[PDB]
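Quick setup: one chain, the form deposited without ligand ISZ, written in structure tokens, and binding and motion questions come after.
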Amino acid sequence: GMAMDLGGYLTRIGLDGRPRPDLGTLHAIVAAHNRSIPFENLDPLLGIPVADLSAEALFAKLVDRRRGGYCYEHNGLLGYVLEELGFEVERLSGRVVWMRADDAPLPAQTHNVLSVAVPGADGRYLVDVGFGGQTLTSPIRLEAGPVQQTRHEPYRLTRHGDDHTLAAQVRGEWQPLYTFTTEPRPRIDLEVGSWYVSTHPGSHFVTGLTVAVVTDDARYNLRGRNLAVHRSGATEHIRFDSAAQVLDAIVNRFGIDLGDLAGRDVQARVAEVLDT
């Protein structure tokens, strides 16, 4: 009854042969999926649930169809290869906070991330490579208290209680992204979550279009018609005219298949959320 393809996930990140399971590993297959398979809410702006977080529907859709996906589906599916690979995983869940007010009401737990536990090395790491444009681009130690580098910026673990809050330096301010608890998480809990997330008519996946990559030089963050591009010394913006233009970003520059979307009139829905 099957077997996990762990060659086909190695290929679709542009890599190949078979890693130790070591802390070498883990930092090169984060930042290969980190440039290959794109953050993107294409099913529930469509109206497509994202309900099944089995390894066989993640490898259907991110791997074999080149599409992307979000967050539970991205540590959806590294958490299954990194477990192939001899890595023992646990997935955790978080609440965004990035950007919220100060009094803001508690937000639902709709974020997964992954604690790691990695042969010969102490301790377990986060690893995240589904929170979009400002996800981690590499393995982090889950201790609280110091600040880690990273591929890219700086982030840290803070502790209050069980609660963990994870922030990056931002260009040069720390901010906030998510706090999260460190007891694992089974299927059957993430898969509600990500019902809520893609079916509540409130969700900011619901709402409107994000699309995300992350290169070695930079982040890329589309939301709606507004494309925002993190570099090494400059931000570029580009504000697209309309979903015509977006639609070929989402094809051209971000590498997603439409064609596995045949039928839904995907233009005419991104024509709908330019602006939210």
Second form
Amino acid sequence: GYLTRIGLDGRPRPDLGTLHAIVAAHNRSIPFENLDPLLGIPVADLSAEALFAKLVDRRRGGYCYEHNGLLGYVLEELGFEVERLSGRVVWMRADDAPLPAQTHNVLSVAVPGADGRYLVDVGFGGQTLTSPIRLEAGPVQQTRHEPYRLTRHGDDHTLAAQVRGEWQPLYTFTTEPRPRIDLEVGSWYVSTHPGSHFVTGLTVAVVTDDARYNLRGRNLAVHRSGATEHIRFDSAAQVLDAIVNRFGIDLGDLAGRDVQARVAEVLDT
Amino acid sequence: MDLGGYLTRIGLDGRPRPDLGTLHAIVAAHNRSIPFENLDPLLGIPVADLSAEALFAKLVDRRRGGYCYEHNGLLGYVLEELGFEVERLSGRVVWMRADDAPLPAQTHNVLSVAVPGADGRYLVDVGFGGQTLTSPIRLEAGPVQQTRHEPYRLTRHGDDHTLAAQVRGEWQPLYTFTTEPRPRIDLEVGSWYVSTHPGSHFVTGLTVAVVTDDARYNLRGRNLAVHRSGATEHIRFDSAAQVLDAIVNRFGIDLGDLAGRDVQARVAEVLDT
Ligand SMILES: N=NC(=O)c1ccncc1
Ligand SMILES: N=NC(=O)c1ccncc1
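Would you mind giving the form deposited with ligand ISZ bound, to go alongside the form deposited without ligand ISZ above?
Everything in the complex follows now, all chains and molecules, and the chain you saw is the first one.
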């Protein structure tokens, strides 16, 4: 189901090329969305059963713990070695802003035939990595889209991307592997705390070969070369239509919740 | 006069009867086919000659667009050739002006058309740009009239008629005009002003527009706005290179026509004006 979900064909071999191919296909096939937290449905269970059920069988997307959770289990089953890492999102944050919570989950992946480790992150939303990169401080690393770079200060790593010119820090992380329960505590926080960006509004995102799409409330942003594109939807009806048809999210397991009404309340949050 | 060339330019064919159904079809075909654009004035090339020969050579033979005098000029000659009776009218653009702002210059030209088989006259205007009329409407003050897009309304005070459009729920006055028919030379004096005065909107920046069944497209400098049913899009081009690509490939305008003028360098000066 997963391979089909992402449009790949059989069982691929556990090597570096496969990692590049699964990331690409994951990127364009499973959207980032927070419809469950938006509707008061916690993301509490990060088991394989729960994640496969939601992101594969029911054709929903999810946020970082759901995406990277799922990819983690997929890659393990193919024969990669996978450690789950946690980090703090520093994107666009004022210098001297307080230390952010650990709200992001990424993968450190070891690949038979390769020597070190790879940062894999398909769950960061509209600016997520679209290639695995080497878990190596220093070099500017090319991806399918913009250049990225890791730096290191002690045991803290920062991922930065060169976005429309500028070098922007995205998040910091340590390479300490996390047990699933510690990820579940963080996911409980991100999906239920009243000040979470994922509780107060709607975020949907996906990445094709040519563009990064990012929807917040009524505002769809599209980033491609030479141009930034901003679509403002008139009402919740158009936003749902974009959720279902543009972003490919199946709303069937949410039957009996007033999705449109909730979306209407968060068009401008 | 090359009637068949014009009809071909606008995606039509045959020779239609001079009736109301034909007036609607030619307006909708012109709206989607011949863009609003001011490249000539932007590049210091005046729009001075409003003869049928000049407007046909530019807007039909050369696959350029133009601004109001050129559009409604061309359409006016086509419409007489088909057997409509046509008067050219001038007006003053009031779109978004303060209540206290000085009287505007007469910088807009529209058509008042008698249609065989219909009572009264029709206002026809394919030349106002992205918010131009997409149907002929009855030149009748009072009622709200439907078009292929938004409701529009004419009101009257003295010898001034105001055209307003209901734009996303809000009534906006576009321009005022009188029904005094204008000779070509009065239009030409107006077009001279609009295409050469250093404070003209069409001299200090770039405006490109086209209207399809589903959307109004409006480009000012680097910003492309698209109004569709249920959404607006705002595309911001990074530089003049992307703006030219839009002009050529999205709006279908042939720039080979302006060779030797460095279009890109001039558009690079007006991305934000
Ligand atoms: N779960 N957290 C996330 O998905 C996330 C948090 C912050 N920024 C992008 C993504
Ligand atoms: N010639 N004038 C025009 O083309 C025009 C003037 C004002 N607003 C839109 C279009």
